[PDB]
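As a starting point, one isolated chain is supplied in structure tokens, in the form deposited in one PDB entry.
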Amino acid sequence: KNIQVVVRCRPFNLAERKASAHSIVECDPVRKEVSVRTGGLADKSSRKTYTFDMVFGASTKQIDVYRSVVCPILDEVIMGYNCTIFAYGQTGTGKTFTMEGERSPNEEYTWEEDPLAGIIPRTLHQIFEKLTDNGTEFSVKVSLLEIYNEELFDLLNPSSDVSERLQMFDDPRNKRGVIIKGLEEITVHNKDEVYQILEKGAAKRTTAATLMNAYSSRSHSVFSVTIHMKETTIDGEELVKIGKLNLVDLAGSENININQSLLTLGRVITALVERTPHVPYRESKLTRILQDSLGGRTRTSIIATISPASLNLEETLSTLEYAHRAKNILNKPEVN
């Protein structure tokens, strides 16, 4: 039942080293604990310690995250589940790095072989391996929207202006899901179509950041992957199983209509752990989209990102307290 929650702590950055930052985070992958040093100069012994499903310290690499977190989820997508992974944390702590990753400088690497590639690129590659050897005819379609100030933007649309808005409506073929009217879904025929599609999306995203104040930290980003697989049974009946993967990069947790989605996510989580009736899904775009992933038939994970520095203490505790709280959400996962 319960949603899986894991924590990643990023290494120091150069500004932090320049400022003589001290660490206040200790990860123990084996005991699965994060432990925060909380007493500054006054109490050297003080700590807060939390247990998670998995933990990744400052030295963890993108391959590691992928191997430990995603391969398991990928398999269940391939058996025809819906899964969602998403990233939660204060701006600057590695949500985008974790979910998308970055390109290594000077085209030193092919995109499939980049050690900085995040979950999204690695996953699309992986989907073509696991599935070609297998034969089993399959199609893959991707989508990429952003929520900003409760407006919806389509990063993969042929339309040349990012500012053109999507709309959502209740799926009548699913009591817990939404249809995004206007959303471009692109068929991806081989692993060699991938980079160009991404690159398009990245450029459309660069423009948007210049149109909208604080775009990169105030927006939520929803990448989806849909898979259709043909299976003939032992009888010879030809049945098609469908699996979906949503990859969410949330707005910075530090914020808190500009904030409606982050707020309502908070409340939705609360109403679930405190077994309240009438969870407020309807009250935001994000939560209408994520509704099946919090409480519903989708299998969900959450990556809490944090910074190791003494300066970010209050936000770091904040992220851990909120993440740990979410371990108490139980979904009823089910195939399609």
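Residue numbers count along the first chain shown, from 1. Here, rigid core means the biggest group of C-alpha atoms that superpose within 1.5 Å across both forms. First, how it differs from the form deposited in another entry.
- Only one entry in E231, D75, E150, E164 has its C-alpha moved by 2 angstroms or more between these two forms when the rigid core is superposed, and that entry is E231.
- After superposition on the rigid core, the Cα atom of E274 is displaced by less than 2 Å between these two forms.
- Core-aligned CA deviation for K61 between these two forms: less than 2 Å.
- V30 shows a C-alpha shift below 2 Å between these two forms [criterion: core-superposed Cα displacement of 2 Å].
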Given for the second form:
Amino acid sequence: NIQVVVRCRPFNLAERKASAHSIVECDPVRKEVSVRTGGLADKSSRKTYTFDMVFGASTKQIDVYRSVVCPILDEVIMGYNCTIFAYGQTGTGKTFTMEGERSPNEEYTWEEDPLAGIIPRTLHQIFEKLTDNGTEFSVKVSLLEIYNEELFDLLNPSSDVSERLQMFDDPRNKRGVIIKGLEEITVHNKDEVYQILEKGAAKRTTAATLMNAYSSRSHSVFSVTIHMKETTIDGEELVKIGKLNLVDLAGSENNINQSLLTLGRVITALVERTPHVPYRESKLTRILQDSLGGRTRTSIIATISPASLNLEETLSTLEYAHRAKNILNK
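Since the structure above is the form deposited in one PDB entry, I would like to see how the form deposited in another entry looks, so please show that one next.
Next comes a single chain, given without company.
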């Protein structure tokens, strides 16, 4: 039930120059990804995997949005909860996919940059989906990050990222938690979302200088909650609450990452139908408990490299993402 897609990144400027041969081949039609596990493109062994969707190195950012995000967002607009994870070795594109980048030399505005990833596009489409239908709505965003099992808020400008938040169990609704001090910024208009990301980025830098390899070892959960009141052409004002969680996971490459380690154990228990699922063993799995075997619609975009020097990691990632397909939750 949990949908899993694979995204291979293209070779960089230094790989094309070193005349690199891709050990990875994608077949979107057959939704399969094939990787050469032994030398020689003249003769060799291969390992194949089938996923709900596969996107080759030529896949553009807009292709990921129209294909995976747009549908998920729709479901969020209907009043449901959805989560999208990005799993993969450092350098394969987790952040590129989830956040994206800016085209060089200020060639475009943020809302039109073809390099923009899921988060900016989503925030911009929410304001162009509901506004363009006259519905009373309200968007809230939060950016909770995890590093060495400590929680950080990368968006409230009052305190710095050296302030560790506390987590407790939410006695109201089961399988949930309360983060004391977590900030929920309100996004009033499109012209306000970039500003928010700008701030987050500035704090991301601070966390990086304060914590070792922060960008590779941390887990980030960017949440967007939409409070809606759709007044159709009739007059019925329906009450809808939708939450979308965009999770940029720590690099899967393998000191110890308790949340990553626990996320793996949790998937294992869910797919092997074991009675006890270790959700409580990490901040990530407790925070996102409802996204693993709960009532939330979840999708995992596993990122991979086409370079042969990343073979071992590429297989581990695919093997992992492949096992994840058997998780049933809704």
